[PDB]
Amino acid sequence: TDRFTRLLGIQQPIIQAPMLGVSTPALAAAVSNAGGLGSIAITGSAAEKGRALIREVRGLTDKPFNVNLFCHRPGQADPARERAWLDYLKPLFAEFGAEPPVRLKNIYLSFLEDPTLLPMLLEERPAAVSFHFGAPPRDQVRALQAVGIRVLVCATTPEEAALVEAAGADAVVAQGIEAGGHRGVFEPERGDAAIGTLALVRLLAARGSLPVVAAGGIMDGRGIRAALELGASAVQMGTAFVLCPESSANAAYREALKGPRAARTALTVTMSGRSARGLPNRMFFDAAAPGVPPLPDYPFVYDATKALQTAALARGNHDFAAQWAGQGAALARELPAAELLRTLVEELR
Amino acid sequence: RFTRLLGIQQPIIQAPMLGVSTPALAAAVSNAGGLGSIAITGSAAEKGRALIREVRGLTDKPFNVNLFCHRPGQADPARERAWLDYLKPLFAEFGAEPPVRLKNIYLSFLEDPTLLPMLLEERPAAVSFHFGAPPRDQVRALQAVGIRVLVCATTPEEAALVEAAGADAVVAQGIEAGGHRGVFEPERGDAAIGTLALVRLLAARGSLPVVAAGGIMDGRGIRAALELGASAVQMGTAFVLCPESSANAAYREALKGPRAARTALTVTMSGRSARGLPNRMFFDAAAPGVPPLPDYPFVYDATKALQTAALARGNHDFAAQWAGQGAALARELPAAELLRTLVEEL
Ligand SMILES: Cc1cc2nc3c(=O)[nH]c(=O)nc-3n(C[C@H](O)[C@H](O)[C@H](O)COP(=O)(O)O)c2cc1C
Ligand SMILES: Cc1cc2nc3c(=O)[nH]c(=O)nc-3n(C[C@H](O)[C@H](O)[C@H](O)COP(=O)(O)O)c2cc1C
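Read top to bottom, the protein sequences are chains B and A.
Quick note: the first sequence uses the deposited numbering, first residue 2, plus one each step.
Quick note: the second sequence uses the deposited numbering, first residue 4, plus one each step.
Accuracy of the hints is not assured; some may be wrong.
Said to hold, decoys possible - Residues of chain B clear of chain A, computed beta-carbon distances all greater than 10 Å:
{"hint": "1", "residue": "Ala81"}
{"hint": "2", "residue": "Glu114"}
{"hint": "3", "residue": "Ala128"}
{"hint": "4", "residue": "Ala308"}
{"hint": "5", "residue": "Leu336"}
Claimed, not checked - Simulated restraints on C-beta separations:
{"hint": "6", "chain 1": "B", "residue 1": "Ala47", "chain 2": "A", "residue 2": "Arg4", "range": "55 to 61 Å"}
{"hint": "7", "chain 1": "A", "residue 1": "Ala167", "chain 2": "B", "residue 2": "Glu160", "range": "41 to 47 Å"}
{"hint": "8", "chain 1": "B", "residue 1": "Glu348", "chain 2": "A", "residue 2": "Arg126", "range": "39 to 45 Å"}
{"hint": "9", "chain 1": "A", "residue 1": "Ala288", "chain 2": "B", "residue 2": "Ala163", "range": "54 to 60 Å"}
{"hint": "10", "chain 1": "B", "residue 1": "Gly10", "chain 2": "A", "residue 2": "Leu268", "range": "41 to 47 Å"}
{"hint": "11", "chain 1": "B", "residue 1": "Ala95", "chain 2": "A", "residue 2": "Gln77", "range": "37 to 43 Å"}
What the hints contain is simulated information worked out from the structure, not anything from laboratory work.
We put the CB at the ideal spot given by N, CA and C, even for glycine.
Build out the structure end to end from the sequences listed, making use of the hints.
Next comes the structure, spelled out in C-alpha cells:
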C-alpha cells in the first residue's frame, strides 16, 4: 500500500519509534534520510528546547520526521501518598549511601497542561506530530493539520482508536501488547485489554477506515510483511533501533539487550507509575504486595525512580535502569540505523 | 509442508475445544480438507475411544485428538472448603448449595496410564497436548504408529521443551488465544506473549513446524502468520459459531453481539488462566475478601456445579464463553463453508 508513504511524503512505510531517552536527532535523521520516518520525543523539555531539538533534526535531514508528545491526563500531586512512597523506597536509597528526594515533581508535562507546546509546533511545522497516552481536542489537531502537519495518535484498543478518529488524526498507531516501553492505554484505571499486535491491527484495519500503523514485536521484513497482510499501512519499530550507534542507549542498556536477558520482557507500573514493558530488574516489583503503599500518580513515580537510578548509578549499579524492550527483543540486531532501515526494506522485498 | 506431514490438503486446524468441538465439527473440517479436532480430557479412555470412533463414523480423512498434560492437580481440603464457602452466596442465589467435595475432573495425560494404549490402538492421525509435554518416550510410542504429535507452547522456552520431546510440531499460542492458556508453569508467572512475536521467535530460532494459534479469524490473518514463518494455523474462535459446534444458544448470541468487542483472562472460572467473554465468574482473585484458589481443575469442578444451578433458573451469567481477541471478526457459517472461505481468502 502507498497509503501511508504518500500521506507523509516518504519512500518507506517504516517509522523508527520516538523513544524518550533513547531516540536522538542523529537516529531520526538517519532513518529519515534512509527513506523511512525517523522520530524524536520532546516531552519533559521546555518548549524552546523542544524547538531546538527539532531544528537539530532539520540540520541533519531535509526529509520528513516525526515529533512525539505525551498527552496523558495531567498528574495529580499527592504529597502524602508521595511521602509514603519515598519512605518505602528508603532502604533502596540507603543501599547506595543515599537518601530519597524530599519532594517529587511532575517531570513530564502533558500536552494538555503545557499551553506553550502547540504554538511552538505550529511554528516549526514538522512533517508529523504524534501523541501518546491520549488524543488532543479536535480543534488542536485541526490547527496542526491546517499548517500541513500530519497527526498520529497511539491507540491500544478499538475503543481508543474511535477516540483517535473523533480527534481527527491522519493515522492511528496500533500498539499491541508486544510493544516495548510505556503502553498507550488512555485510562489505565479502567484496566487494560492488553490486545496483541496481530489481533489489534486486524481489528483496526478491517473495521476502521483510518490508515493503521502497526507497533509491537516487529523486528524484521517478515514482521513488516505480516503487518501489511493484516491491513496495516505502515509499521512503527522501537526495540529494533535501540542497538543502533545513533541512539542514546547507554552501555549497560546495550549489553542487556544484546545478552540473554532479552529472551524475557515484563510489564511494570512501579518504575514510572504507568504500565511499561522492559527487561525485568529490581524496579519490577509487585505493587499489590504486602507493605507496598498506594502508588503515586504518573509521572511523580518516575521522578522517585529516576532519583534512585541516579544513586544506583553513582555506585556502578544498573539494576534499576529503565531498559525498555518489546517481546521481539531476542531478534535485536546492531547496525547503523540507515543500514538497518535498508536491510528491512530489502527483507520487506 | 506441514500439510504433507499430516494427511491433509489445507494448512488449517480447527482447534480442539473442550465442550465446544464435536465429532461433527471435526469431521466437517477434515472432510473439507483441513485438520478437524476433538478434546478427550475429562472422559475415561473407553469414552474417549467412543468419541474417536464417532469422528471416524463421519470422516475417512485425518483428525486431531487433544489431551491435557498439566501438572496433576493436588487436593487441599482446607483450601477447597474455604473456596466453596466463598462461593456459597452465589449458589444460594439459585437455590443451591456447594458440592461436598471437589473433584479432579480432568485427569492429565501424566496421571492416567490408560490413555496412551487406547491412543495406540485407535491411532488418530494426530495427537495434541495442552499445558505440557509428555515424556519423549511416549511421543515416540505414538510416532511409531501413524501418529503425528503436536504440543502447544506459549514461550520459546516452552517450545524448546516441545522440541526436546520429539514432537512433530509445536502449536504456538499467542496471548490473543481464546480458552485456556497453554502455559506449562503458571505459578512461575506468565510471559503473555502476543502471536506476532511468539510465532516469529519460534520460526526464526526453532526447528519444528510451527502452527500459529491465537487471534486469526480470516485469510489475511493466516497469510500474516505464514509471513511470520508459521507452517500452519490453528483457529478456535472462528469455528465456535459453526452450527456443528457444541456452543449453546446463549454462547452463540454472546459471541455474535457487542460483548465480542472485549475479552479478558480469568483464573477463577477453572483455576487456570483462560480467555473469554467476561461475566460474573470473572472476578479479581487478589481482591479483598477472596480466599486462596484451589488447584486446577478442582476450581472448575466448583464452578460447573454453580453453572448448573444458574442454568436451572435460566441464568447464563456464569457460563464459560471462551473467545480470542479477534472475537469481533467472528462469522457464522457451516464449518465446511467457513473452511472454503478461509482457503479462498488465503
Ligand atoms: C526504549 C523505548 C522507549 C519508547 N519511548 C516512547 C516514547 O517516548 N513515546 C512513545 O509514544 N512511544 C515510545 N515507545 C514505544 C513506541 O512508540 C512503540 O510503541 C514501540 O517501540 C513498538 O514496539 P517494539 O519495541 O516491539 O518495536 C518506546 C519504546 C521503547 C522500547
Ligand atoms: C471455547 C474454546 C475452547 C478451547 N478448548 C481447548 C481445549 O480444550 N484444549 C486445548 O488445547 N485448547 C483449547 N482452546 C484453545 C485453542 O487450542 C487455541 O489455542 C485458541 O482457540 C486459538 O485462539 P483463537 O480462539 O483466537 O483462534 C480452546 C479455545 C476456545 C475459544
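Outcome of the hint check:
Every C-beta of chain A lies more than 10 Å from that of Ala81 of chain B, the closest at about 22 Å, which supports listing it as non-interface. No beta-carbon of chain A is positioned within 10 Å of the beta-carbon of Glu114 of chain B; the least distance is around 30 Å. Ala128 of chain B, annotated as away from the interface, keeps every beta carbon of chain A farther than 10 Å; the closest lies near 28 Å. Here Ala308 of chain B stays apart from chain A, with its beta-carbon at least about 29 Å from theirs, past the 10 Å limit.
A cut-off of 10 Å between C-beta atoms confirms that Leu336 of chain B is not in contact with chain A; the least separation is 17 Å. Our hint of 55 to 61 Å for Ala47 of chain B and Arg4 of chain A holds, since their Cβ atoms are close to 57 Å apart. The hinted window of 41 to 47 Å between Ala167 of chain A and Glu160 of chain B holds, with their beta carbons roughly 42 Å apart. The hint said 39 to 45 Å for the Cβ distance between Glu348 of chain B and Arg126 of chain A, and at roughly 42 Å that hint holds.
A beta carbon spacing of about 31 Å between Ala288 of chain A and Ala163 of chain B contradicts the range 54 to 60 Å that was offered as a hint. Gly10 of chain B and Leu268 of chain A have their C-beta atoms about 42 Å apart, which keeps the hinted 41 to 47 Å range intact. For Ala95 of chain B paired with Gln77 of chain A, a C-beta distance near 41 Å keeps the hint of 37 to 43 Å intact.
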